[PDB]
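Given the sequences, and given the hints that come with them, work out the whole structure.
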Amino acid sequence: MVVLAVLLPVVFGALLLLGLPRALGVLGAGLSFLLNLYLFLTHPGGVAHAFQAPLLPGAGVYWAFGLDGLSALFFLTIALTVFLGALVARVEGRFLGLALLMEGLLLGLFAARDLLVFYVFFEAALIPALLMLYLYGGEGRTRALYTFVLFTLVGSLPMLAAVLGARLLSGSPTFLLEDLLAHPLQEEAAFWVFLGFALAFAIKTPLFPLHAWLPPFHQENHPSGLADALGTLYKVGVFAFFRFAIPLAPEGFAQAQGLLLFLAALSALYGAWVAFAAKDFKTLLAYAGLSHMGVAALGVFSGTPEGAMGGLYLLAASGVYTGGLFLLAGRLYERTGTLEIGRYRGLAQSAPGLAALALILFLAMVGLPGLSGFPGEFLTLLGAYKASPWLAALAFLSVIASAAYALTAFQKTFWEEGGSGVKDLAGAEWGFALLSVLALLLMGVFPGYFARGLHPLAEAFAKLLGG
Amino acid sequence: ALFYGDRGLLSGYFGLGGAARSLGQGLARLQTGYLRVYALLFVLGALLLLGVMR
Amino acid sequence: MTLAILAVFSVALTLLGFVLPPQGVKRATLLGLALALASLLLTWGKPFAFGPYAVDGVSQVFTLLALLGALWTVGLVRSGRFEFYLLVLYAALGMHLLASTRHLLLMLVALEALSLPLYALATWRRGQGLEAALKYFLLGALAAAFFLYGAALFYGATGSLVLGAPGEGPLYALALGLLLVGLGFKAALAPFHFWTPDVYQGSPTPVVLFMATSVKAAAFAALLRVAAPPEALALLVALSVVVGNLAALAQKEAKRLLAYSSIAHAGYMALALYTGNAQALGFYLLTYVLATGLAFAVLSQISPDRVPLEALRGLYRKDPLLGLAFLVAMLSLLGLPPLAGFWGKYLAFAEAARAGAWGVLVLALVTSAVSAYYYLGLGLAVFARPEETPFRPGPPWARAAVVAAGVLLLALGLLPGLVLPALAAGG
Amino acid sequence: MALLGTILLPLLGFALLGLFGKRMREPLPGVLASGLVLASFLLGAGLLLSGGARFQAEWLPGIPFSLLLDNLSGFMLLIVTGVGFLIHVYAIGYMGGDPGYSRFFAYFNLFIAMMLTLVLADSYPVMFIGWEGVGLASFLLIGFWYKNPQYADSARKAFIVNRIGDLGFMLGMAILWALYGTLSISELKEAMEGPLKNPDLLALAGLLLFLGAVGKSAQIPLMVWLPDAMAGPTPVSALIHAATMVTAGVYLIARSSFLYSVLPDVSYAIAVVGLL
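Protein chains in written order, with the authors' numbering: chain A, 1 to 467; chain B, 552 to 605; chain C, 1 to 427; chain D, 1 to 276.
Source of the hints: derived by calculation from the structure; they are not laboratory data. Everything hinted at is true.
Cross-link-like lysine to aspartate or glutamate pairs, in silico, EDC-like; alpha carbons within 16 angstroms at most:
#: 1; chain 1: A; residue 1: 412; chain 2: D; residue 2: 153
#: 2; chain 1: A; residue 1: 279; chain 2: B; residue 2: 557
#: 3; chain 1: D; residue 1: 147; chain 2: A; residue 2: 416
#: 4; chain 1: C; residue 1: 46; chain 2: C; residue 2: 56
#: 5; chain 1: D; residue 1: 147; chain 2: A; residue 2: 417
Structure representation (structure tokens):
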């Protein structure tokens, strides 16, 4: 059931860290992909594989797991992305076990059916990231690590008091989200809990004034960008907003909606804009991920089940193609040795199909229709314009700067005058490119098939902001 | 210019960390090592606590 | 009737040391403490009271922890003075009597019985060890005077010197404050914390192990008996956590930084005092005791007199298991999932919020997030390049002990629903 | 469904010429592309002569996938297919000794299929899909011989300006969803006549739609991006300036005639900009 699909990446990461060899982690990630896709099918609903076990009976804590429609496609997204990053990795630092550990942890986190288990995984996922960051590259590694870790922890630890309040002040018997949703928090008490949620989720969303951890984090990781891929998968903030923050304390969110939408719009614009000034790949992609989280936060904060489903779909797909671009940059680094955007211009003539792969990933990035980003982007526009037309309009002076930075980097990196000539493609990169573009096309062309399970949650939790 | 501004924002977060450490060492300099200092601060804190208890 | 075991072993060995070599006295002390621990196990759920001596969950849990720390630190001590063993036994009995009674004056007698050997055990003869011993002795006698006038005013409020009396208004509050002064002093609570860094820094490392396990355990075991009001509790917690973490940032030495960390953790533990749970607090202190004893056994394998922060580094290359255990211990002392430090922290925070004290709790959490600075400057340092540092990589005794302690920390972090169900009467 | 194959063909063709591409002899890409263009012309003339076509497939909730082939759509289809096949043969001739033959004709197939998806549309999202797909193929083909920095910034500026117009389009589409909730030109038109509401908002949606049309057909102020399309190969420049990527703007007004005919100031301004 759900437990096995969640645990498999963790145990395979253990068998990669403590056991040997490197190759078996790739097939472990593949097995995770297969099982998560199977569980994605035949899915009746939330109860799909319900699991209940005691953790702190006296305190009210249970291992609570199951597949939502949201959890299903997020399982699929993570399993696919991590399997791609496992085969093509070339990190080989003997730490891919940490990446599989983080995969399983994020799977359990999305499978969290009770609040405390969500919080537990939210806090536990700090370990892999810091490890694969610290001992696998970077000059200011420890300092950017302290920045990121202190940001997350200062945000998270008061959210523990927030969740204790959400359990106690409502008289909930346990931490189960079902029970906590059955006992809503009252006025002048949901205020503080939602504020604690909004700081901790925004600093990890990330939003504009609190985004300062993302570029230093993404630069100093393993230059292959596996740690960067999984850290980009670590922006799960938006989800916790829609599923946990807003429903559990909508009363304060009613007042804070204007400020949240403002932060989301300004983050999107600022990221997609400053990405132009970025002289390197890690900074550029960090600002891109900030832009995408700004758009997703806009879609969620706007109400408008349209915008909510669009923001979530955009979040999943953006994680996918950003991790793809990180792995692509890591492979071009491994074969060249430098990530500068100016130098090594002729790549396109030497690289036959790596240019087209990078182009497809970039097009999905700037939200070109026919790829997975456009459904969520446009649905978020619609929902935000319903919520606040000004903020959706300003926020969508983004496709311009998006196109600018993406095409500038692609041209100055690949298209221009030939250099020495660089390695063309690796055997693992073959399956990597094939599956990546396959998934992009399938999820962009048929957002009807996917995201159907996202609609009921979105409409119910958006009408919850109504009468 | 906004890249410069983000640089300055991260520098300001660093300034927050530096203010925390500076406050920390100002509180650490409170432990001089003379026993008379320690007993005086002990008695002061105990009086303060007994005053709060009302 | 484990106290009988302790008294018998101590008094017999006192004379037998004249006929027995220090090694034989060491093995006898080990046997006696292990038998007292076993007797505690077989008596789980068998309350036994004679007079003011009253065995409850607190008694059993905290005396088990103290005996654990005593056994561990005896494992390390090999000095050719049987006295350096006898005191351990003595301290054990004393701390036992501290947790197992409600009589205020018997509490004072137990405080003296446990505190006297601890002054002397820190005498490796290094002048700073003597400086620490003198600071410790004078401040402890001051705290004993304060505690005693508190017990006197308590008797002024009621006809008995046993806790559980109804209690009056302002005079009862004053008496309780004058008791809490000395008890928190023993528990490293601010603004009474000044002795802790100097004493932890001056004393030999295994002695600081013994301290940082048994002293804190027994002090909180005595604290739970007091009905401390929440306002004074807020003052102590706020001051302790804030000053502790802040001044710990600026520290350059491992032992002094760790003493500040123990101040911050005592501030955290004092949150259960809002509810007096004594189950959650038993679990918390179990985890903290295990981790800190582990860390200080390793520090003893590094240096008895003093350990700098750089010395901790490179340990994994030196010793793999030791580096792993130090990293795990640092994370658990940070209270991170899925480690038992997180369960203890969560249980204390739940008791505190359930009492409805919000600003204090949030401040403790923000400052605990601040603590990652040095908690990480220690935990991760295991992997750094070894700089010049004396290193004696221990016997298999301490290695296996460290392994068991770390495994138990992480196991109780993952699956607390194993023992925590039995920290009350013990079904 | 047969209507969809007309677009599916210059997708299989593009995939062959892009993925493998240079594994073929020199004349072949033109042969395959011209065959797909001609076999789309034929099956479109056959459908139009048969009265018309309709196709609906499941898509985003509330936003289905609607293809409608009528007189106005088939007119553009026949135009584009005929001129495209003629330029295909002229490119078979004109492209000689130049590598990227397959690149050229794969981009051609993509361009034709996307322009067909654009004009054959009953829903504005599909029109916008075609819009940005045409912008992509144009940016690609202008920089066909990529070794030149001069003929890279041209296409760069082209696609930036294109995306500005497309943002205007997106905002108009969001407006025409907030108001009615249909966003399908057929039902949106059948529901838009009668009780017009918020005439300011209707004129605004028309203003943003016209702004998109200006970027597409390179009107003021977005005028500057078209001349640099000289950088691309000559048959590409013909296809971009004559048959496609410019007719989209006027076709937008032709399909939104129901909207612009009740907007006197908007249509007057459109005439003014055309004159300018």
